[PDB]
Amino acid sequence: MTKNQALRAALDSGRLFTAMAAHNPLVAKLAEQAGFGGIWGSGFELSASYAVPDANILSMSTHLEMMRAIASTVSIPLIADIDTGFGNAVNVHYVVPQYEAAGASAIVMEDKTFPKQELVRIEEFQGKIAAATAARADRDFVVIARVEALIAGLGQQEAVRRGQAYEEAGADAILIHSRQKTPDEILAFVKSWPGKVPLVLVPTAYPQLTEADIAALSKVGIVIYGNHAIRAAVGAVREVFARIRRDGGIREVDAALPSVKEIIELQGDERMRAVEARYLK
C-alpha cells in the first residue's frame, strides 16, 4: 500500500487513526517509532520551532520543504497543515500539487480569511475545496476541510452547514475545532453531525478526552495531537540548559541524556554503513 492508500484505507476501514505533531524529520521518525498512524505537519509547531508567531509569518516554501524532508524520512502517512491555502482557489490549485509532490498523503485547510468576516463565505470555501480535489493527481490523496465556525462564535448550526457544504464540494473529512476548556462543544457537534464523511479532532484544549472516549465516537475517524512535540522539546531543553548553567558544566546532566551513539542510530547510521561498505571503493 502506498502512503495515500494506507491513509485512505484507515478512513474507509473505520479504525481510529492517530496522528502526532512534528516540527522536524527526527521528531517525526520518533513518532513513527512510538506507533502513531501518521504525522501532523503542523504550521503552529514549525513556526514555533522558528520562534515566530503562527500568523502566516513562515514562508510557504519553508513548510513545504519540511514536509518533503519528513515524508522522505518516515514510512507512515503525513498530513500537511496548509492553513488557508495561501490565497484563494487559484493559489490553492497551484499549491496542493506541490504538497502532494513533497509526499504528503493529505492536506488540511481552514475556512478562515487571510489575513486577520472572521471566516470566508461558504461558497468561496466550497470553491477552494473543489479546487483542491481537482488539483490532486492521485484520488487517494486526502483533502480535509477545517471548519473554524465554533472558534468564530458563529454557532453550531453554522458549523454543521459549513462542514456539510464542504463535504458536497468534495472534502474527504472534516476537522472541527473548539475553544472551550471542556469538550462539551465538540461532543455536541459530533452528536449532531449528519454528513457522510469522517470527522477529525485535535483535542489539545480538552486533554480529558482520551482515545477511548474518541474511539467511542463512531463519527470521528482521525485524532490529532497538535503541539506536544514542540512542548515536550521546550520543557526538556529549557530544564537541561538551566541545570548546565546552575551546575557550571554537564557532569551531572550527561548521565540523564540519550547517548551520542543513540543519536547516530536515529540518523540512519546503519544505512550509511552498508553504503560505505558496498560502494565506497
Second form
There are 4 protein chains.
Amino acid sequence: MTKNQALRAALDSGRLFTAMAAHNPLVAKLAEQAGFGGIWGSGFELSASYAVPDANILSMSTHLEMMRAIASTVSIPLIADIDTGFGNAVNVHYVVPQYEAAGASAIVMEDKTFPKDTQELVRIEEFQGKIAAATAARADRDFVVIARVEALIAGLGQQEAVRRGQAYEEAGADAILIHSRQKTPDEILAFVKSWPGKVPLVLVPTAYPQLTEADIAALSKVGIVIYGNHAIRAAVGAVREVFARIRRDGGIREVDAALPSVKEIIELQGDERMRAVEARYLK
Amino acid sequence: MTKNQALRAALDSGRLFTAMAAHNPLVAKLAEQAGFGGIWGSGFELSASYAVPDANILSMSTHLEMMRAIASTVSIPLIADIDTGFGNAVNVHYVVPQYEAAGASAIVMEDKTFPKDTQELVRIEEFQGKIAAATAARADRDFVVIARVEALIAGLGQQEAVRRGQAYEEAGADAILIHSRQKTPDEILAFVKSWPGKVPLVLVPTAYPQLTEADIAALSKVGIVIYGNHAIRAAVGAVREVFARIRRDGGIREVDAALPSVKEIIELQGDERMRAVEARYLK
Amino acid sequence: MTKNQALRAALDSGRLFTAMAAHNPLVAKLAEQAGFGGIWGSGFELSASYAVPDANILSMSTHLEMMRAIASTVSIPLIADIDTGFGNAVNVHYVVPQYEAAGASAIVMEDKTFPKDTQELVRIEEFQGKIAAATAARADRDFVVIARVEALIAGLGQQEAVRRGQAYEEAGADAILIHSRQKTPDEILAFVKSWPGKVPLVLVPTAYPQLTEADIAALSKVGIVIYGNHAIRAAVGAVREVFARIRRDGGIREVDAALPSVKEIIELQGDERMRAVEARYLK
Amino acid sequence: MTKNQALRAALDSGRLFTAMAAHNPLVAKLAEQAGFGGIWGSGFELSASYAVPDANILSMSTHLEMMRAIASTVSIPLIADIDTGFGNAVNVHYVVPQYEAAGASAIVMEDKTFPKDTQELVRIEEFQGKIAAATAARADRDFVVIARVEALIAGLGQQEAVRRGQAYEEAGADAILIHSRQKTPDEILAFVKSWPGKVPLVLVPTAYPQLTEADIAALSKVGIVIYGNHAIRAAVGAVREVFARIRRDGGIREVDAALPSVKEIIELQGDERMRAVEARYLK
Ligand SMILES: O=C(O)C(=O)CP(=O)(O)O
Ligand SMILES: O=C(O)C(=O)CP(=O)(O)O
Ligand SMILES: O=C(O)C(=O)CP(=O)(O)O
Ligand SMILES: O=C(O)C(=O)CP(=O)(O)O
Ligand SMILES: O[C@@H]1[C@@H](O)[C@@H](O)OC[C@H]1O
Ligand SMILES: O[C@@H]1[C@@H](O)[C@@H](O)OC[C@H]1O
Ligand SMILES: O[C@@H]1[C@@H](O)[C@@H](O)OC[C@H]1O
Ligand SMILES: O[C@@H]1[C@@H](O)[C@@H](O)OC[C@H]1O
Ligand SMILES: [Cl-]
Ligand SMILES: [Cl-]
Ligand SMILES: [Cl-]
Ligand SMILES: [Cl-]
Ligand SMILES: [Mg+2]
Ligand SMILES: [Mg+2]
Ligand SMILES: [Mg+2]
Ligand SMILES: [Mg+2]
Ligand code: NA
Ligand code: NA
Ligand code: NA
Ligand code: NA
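Form deposited with phosphonopyruvate (PPR) bound structure, per the form solved without phosphonopyruvate (PPR) context:
Once more the chain from above appears, this time first in line as the rest of the complex follows.
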C-alpha cells in the first residue's frame, strides 16, 4: 500500500487515525516511532520554529520543502497544512500538485479570508471553488482534501459552521476539520452531534485537552484526531530548561547524564544505513 | 557595535565567550535569552534535525539558509560551521562571502579531507591555502575565521596538531579550534599547555563534559567554549518522552499541564511586535 | 557610494535613470555591461522563465533568492518587483527587510487587490498603510519605496490615479510608478502633465514603445524608465530560432558559427577571477 | 508510458535520441516544442546563467530545484547533470533518489576527482563504487545511470578510456558518455570504433560541431546525442544584441517590432490553462 492508500484505508475503515505535529523530519521520525498514525505538517509549528507568527508570514516554499523532507523520512502518511491555499482557487490549483509531488498524503485548507483585513471568512461559493480546484488538481484520487471550517471560531454559530461543512463536502472535500478554541469541548461536541454529512470529521483538541482519544473514539463521526503543536511545545520546554541549567551550572557536567546520548542521535540519523552504504559502495 | 565587532571584542578582551548549538531560529532565540554569548550553527545539529548523518550529506544551501534565518532572529554573534569548506580553496572563496552576507560573524572550517576516502587530513599547505582564501574573501575584517584541527582525532599526535594549528594561524586563522573525542580532557589540556600561538583557542567539550567553564576560564589560552549539540539532544529527549506519554495515556489530558503553553510559544514568535505592526499599519 | 546611495543620487539629481529587466544574474550582468542604470527584477520575466503566469503563482522565495543572486553579481542598483507585497501591511513589514537584506536598492509594490476576485484595487487608506509599513520596515533610509498605481489600467480614470499617487506619496512613497497598457502614450502623458506631487514618476513604456527616452527626458517629472520584459522576449526569440534551425539542419554544424562562443560564456562566468583565486589559494 | 520508460524505450529501440540543454523551464519547453527527444539539465548552462564558473561552485540545491521545475513543465525525459555526484559513493546514494524524485529520467556522473587538486580522475574501482551506489539507490529500474568518461580529456589515452567505460558498464552504467574537447571528431570516432561494450554511447559534440546527426546515426553504437550549451549561447547572443540596440537607439521604438510579442510569452506561460482554471474554479 502506498501512503495515500493507507490514509484512505484508515478513513474508510472506521478506525480513529491519530496524527502528531512535527516541525522537522527528526521529530516526525519520533512520532512515527511512538506509534502515531500520521504526521501533521503544522504551519503553527514550523512558523514557531522560525520564531515568526503563524499569520502567513513564513514563506510557502519553506513549508513545502519541509513537507518534502518529512515525507522522505517517514513511512506513515503526512497531512500538510496549506493555510488558506496561499491565494485564491487559481493558486490552489498550482499549489496542490506541488504538495502531492512533495509526498504529502493530504492537505488541510481553511476558509478564513486572506490576507487578514483591518467578513472573517470567505464566501461559501468561493471556498467551494477552492476545494473543487484542489480535488481537480490532485493526480492520485487517494490523496485527501480536508476542508477546515473556521465559522465556530469566527463566531458565526453552529448552523453556519454546519452549512459550510456541507457545502465543502458537496464541493469535494474528503473530510471536514471543525475547529474550536474553547477550553471545553461543548461547542465541538454539539457540532459533531449535529453533523449530517457523509464524510468524516477531523478534530484538533489542543484547546480542550480533556477530550481524550477514548472520548473521541465514541464519536463515530470523527475519523482523525490531530495533536496540533505538542512537539514544538515539548521542545521549547526542554531546551529552555537545559539552557537555564547550563548557564546556572557554568557548564554541562551535570546536565550531560540526563540527556539522550550523542550515540542515540547518531542512530536516529540513520547511521546504520549509512555504514551499510559505505561498506558496500565506498571503494 | 555590530555583531562582528562584538565577537572580535570578546576575543581581544580576554573574557571567555560561550556559544550554544541551535538547529533552528527558535532554539537560537532561547540560547540568546538564556544568556549565551553566541550561537553555534552546528552542522551536526542541523543534519540530525533532518535525520541524516553529519557526513556532508545535508545540502550546503539548507545550512546557509538556516544561518540566514538564525542571524535575522538573534542579536548576538552567530558562528557558522562550514565543515570542510564544501570543496577546495576555490569553493571556500565563493562560499565565505555568502555566509558573511547571511549574517554569520565567524565560520569554522576543519582540515579533514573531503569527501571521505575508502591520509585522513588534507596537506598542511593545502589547508593554509583554504584559510588564506577565506580571509581574502571576507569583506568585513572583523568577521572571524576559525580553523579546526582534527589531527588529535585522526590520531596524528600532539606535535602534528600543534604544527597544523601554527601553520593555520600563519595563514590567517583568527582562532584555532582543537578537537578531541576522548572521554577525559587530558589530550586537550596537554595540547593547550603546549600551544605556542598568539591566537586564542576554541574548545567543544562535548565528549569530556567534566571540563567545566571554571576549568576552561583557568586556561588563559582558550577564548571560546562551544556547546556542540545539547539543544538537539535536549529536544529529542523531551519530544520522545511527550510522544510516549501521549500514546500511553491515549491523549494529551495529562501531558498538557506540564508543557509550555500555546501562549508562551506565540510570545516567542514575536506576537507583540506583530500586534504593534498590525495596529500601526493594517488599515 | 553604496548602491542605495547611487539610486537616491540619480533620483535627486534630475538625470533620467534607466533600468532593464533581467530573469537571471547573467542577463543582469549583460544589462550592466550594456550601460543601463539599474536592473529591474521583474516578476513577469522570472515567472515567464518558469513558464507560469504572472498571477502570484511563482513562489515569493524563488523571486527573493533570484534578487539575492542578481544583486551579488552586478554593481549597479537592483529595483525589485514585490507585486502586491505578498499579503497585507503586516506581510509587507516582514517582507521588505528581506529584499533589503538580499541587496535590492528599491521595491515596487502595486495597489491591486490580492488575490484576484471572481473592487479591482485595494482601498486608498489600506495601501497607504502598506507603503507606510514598507518605509517603517526599511533599515537604510536610502532604500527606495516605489508605489505603483493601477487605477488607469483598472479603468478608474485619471482623477483617481492622481488621487492615489498623492495619497501614496503622503504615506511615504519615494516615487510613483503610473502604469498603462494602452498602445499609445496619451493616457500616460496626460497623467504626467497633471501630476502635482513632489516625488518623481516611473514609467514602464512596454505597451507604448514609441515614447522614446528623448521623449521621456522631456518630462521633467519622470525620473526612471523601466524596460519591463525585453530580455525574456529577446531570449525566447533567439532560443526558439536556434532550436528550430538545429532540428531543420539535423545538427549544429551551421548554427555554431553565428553563436557567441563557449569561451565567451566562460568569460561572462568570471573565469578570470576564478583563475586568480586558484592561482593564489589552491595549494 | 512514463518518462523513464520512454527514455529506456528510445535506448533499447536503436533510434538516435536527441537531448537539448536548458537553463530554465521556459527554454526546456521550447526544446520540447522544437521536437528534441529530451532535455539536458546542463550544469554548465545553469552555472553560466548565474554568472559563476562550472567548477562545482553552484549549489547542488539550486540545480536539483531547477531539475524539479523543468520536469514539472515538460512531458519529455530530463537527463540531469550531477557532475561528480557531489561527493563520494555515500553522497551518490543520498543524492540519486532526490534527482529521481525531482522527476529526472537519468543522471550523468563523471569520473573526475573532486574537488580539483592543486591524478585527474578517480580510481576505476572508486568510480565503479559510485555507479553501483547510484544504481542501488534508484527506485524505478527504468531510471538511467550514465557514466561519463573523462580519460580522453585528461589525456590518459584511448586504451584507458575504453578500460574505464567497460568497468563502469560492469558496475551498472546503462550508458557511457565519452567526452572530447578536440575541434575535430577523430578522437571520439576512434573511441567509438573501438568500443566493445554492450551499452550505448552518448556524445556531446559541442567542440566538434561538424559531426552531424546523420554522421552520428551512422554510428550504431551511439544512442544519444546531447547539445550541451546552445540555449545559453543563443540567449546571450540575442540579449546582448537587443541591449546594445536599446542603448544605441535610446529606447525600444525600433527593437520592439522584431521581438516575440508579450502575448507570445503569456501563451508560453500557460495562460490558456490558467484561464480554464479561473473560469471553472474562481467563484
Ligand atoms: O497546527 C496548525 O498550524 C493548525 O492549523 C492548527 P491551529 O490553527 O490550531 O494552530
Ligand atoms: O556541532 C558540529 O557540527 C561540530 O562540528 C562539532 P562535532 O564534530 O563534535 O559534532
Ligand atoms: O515586469 C513586471 O513584472 C511588471 O510588474 C511590469 P508589467 O506588469 O507591465 O509586466
Ligand atoms: O553541459 C554540461 O554541463 C556538460 O557536462 C557538458 P560540458 O562539460 O562539455 O560543458
Ligand atoms: O524504511 C522505513 C523505516 O525507516 C521505518 O520508518 O519503518 C518503515 C519503513 O518503510
Ligand atoms: O531586537 C532584539 C531583541 O529581540 C532581543 O534579541 O534583544 C536584543 C535586540 O537587538
Ligand atoms: O566588481 C564589479 C565588476 O565585476 C563590474 O560589474 O563593474 C563594477 C565592479 O564593482
Ligand atoms: O501537457 C503536456 C503539454 O503541455 C505538452 O508538453 O505536450 C505533452 C503534454 O503531456
Ligand atoms: Cl527544526
Ligand atoms: Cl528546519
Ligand atoms: Cl534563467
Ligand atoms: Cl533561474
Ligand atoms: Mg495552521
Ligand atoms: Mg560540524
Ligand atoms: Mg510585475
Ligand atoms: Mg556539466
Ligand atoms: Na523547523
Ligand atoms: Na532544523
Ligand atoms: Na530564471
Ligand atoms: Na537559470
